[PDB]
Amino acid sequence: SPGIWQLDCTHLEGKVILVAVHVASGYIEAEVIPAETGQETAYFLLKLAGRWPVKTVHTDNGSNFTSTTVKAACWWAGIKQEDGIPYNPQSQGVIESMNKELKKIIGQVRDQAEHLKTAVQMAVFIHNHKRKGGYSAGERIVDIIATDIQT
Amino acid sequence: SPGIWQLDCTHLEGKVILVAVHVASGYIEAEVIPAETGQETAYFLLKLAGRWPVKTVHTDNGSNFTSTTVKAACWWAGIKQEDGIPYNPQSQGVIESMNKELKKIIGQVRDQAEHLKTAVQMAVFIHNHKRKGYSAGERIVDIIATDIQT
Ligand SMILES: O=C(O)c1cccc2ccoc12
Ligand SMILES: O=C(O)c1cccc2ccoc12
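Here the protein sequences line up with chains B and A, keeping their order. Here the first sequence stands for residues 57 to 188, 192 to 210, where the numbers follow the authors' numbering. Here the second sequence stands for residues 57 to 188, 193 to 210, where the numbers follow the authors' numbering.
I should point out that these hints are in silico values taken from the structure, not numbers from a laboratory. Watch out, some of these pointers could steer you wrong.
Using 20 Å as the maximum straight-line C-alpha spacing, the simulated EDC-like pairs for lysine to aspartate or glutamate come out as follows [to be verified]:
1) B:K71 - B:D167
2) B:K111 - A:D202
3) B:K127 - A:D167
4) B:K127 - B:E96
5) A:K186 - B:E96
6) A:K173 - B:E87
7) B:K173 - B:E157
Extracted from the complex, chain B is given alone in its bound form:
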């Protein structure tokens, strides 16, 4: 479904990496923050929704589901906030594996980057460009949404 994203928060080097995954394509955006607060999560979702047509977000935990700053940004940006409960459980494993994959890439580039934030963005780039066509996630998200626009 073209508008559905999942939030995912993972830890590395005593810092937090906030990830949004476009569930249908596997495409991601990510940022490093010093910790997951509502204010950070709200800003991150605002950035995401100005860049892709975000209709539904599965939030990553109940604090962010509850957070009034996150609810304000979802209201502002037109995003329906949902809980992120894996009523389908293969769903949990998909995210865990991506966190493992991302950290692996971060490790592979870590020495090319002075700051963790550069390595995370190199990781976003390699993730989004990897051919799986085969098509990449970046190709899949564009195809999904462009098919959707023809409606």
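Following the hints, position chain A with the ligands against chain B.
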């Protein structure tokens, strides 16, 4: 072409807004930074090229064109760096008008945001969703989707 972006740096509230415009669609990504440096520009290009299929960037000035750090990020991300000289001169007035438009949006949301960086991101959202009949966000997806199919 689907892969061509232009960098654009504008100032407001004694801060700098770095903008990348996807030239064919008008779609933008922007960030606030304390000053335009090679390091900031390099990191911004790295983020953009992980998000969209960036093939050529028209750099905004000669310092960023020259910058070793920007050249390094362009190398890493597979981006051809080009100067941004207005070869067709209508190019130029297009950017100035966009900067004026953005700043207008920023003023209209400014009071809903405590920090300039929130207002800038609200402005990117309004800019990219505005219908002109398709929005810039729809145009960039259609352009690149058409591209992928060949
Ligand atoms: O390869 C593509 O067409 C593509 C489309 C949209 C986003 C990204 C990020 C890396 O590649 C892409
Ligand atoms: O509306 C769309 O399909 C769309 C596609 C790609 C990006 C953006 C940003 C807001 O809207 C979009």
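Hint check:
Straight-line distance between C-alpha atoms of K71 of chain B and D167 of chain B comes to about 17 Å, which keeps the hinted pair within the 20 Å bound. The hinted pair formed by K111 of chain B and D202 of chain A meets the criterion: a straight-line CA distance of about 19 Å does not exceed 20 Å. Distance restraint check for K127 of chain B and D167 of chain A: the Cα-Cα separation of roughly 18 Å lies within the 20 Å cut-off, and the hinted pair is therefore satisfied. Taken as a hint, the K127 of chain B and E96 of chain B pair is honoured in the structure, with Cα atoms around 12 Å apart against an allowance of 20 Å.
Distance check on the hinted pair: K186 of chain A and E96 of chain B sit about 26 Å apart at the alpha-carbon level, beyond 20 Å; violated. For the suggested pair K173 of chain A and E87 of chain B, the alpha carbons sit about 15 Å apart, so the restraint of at most 20 Å is met. Distance check on the hinted pair: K173 of chain B and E157 of chain B sit about 17 Å apart at the alpha-carbon level, within 20 Å; holds.
When held up to the earlier numbered hints, the structure conflicts with hint 5 and nothing else.
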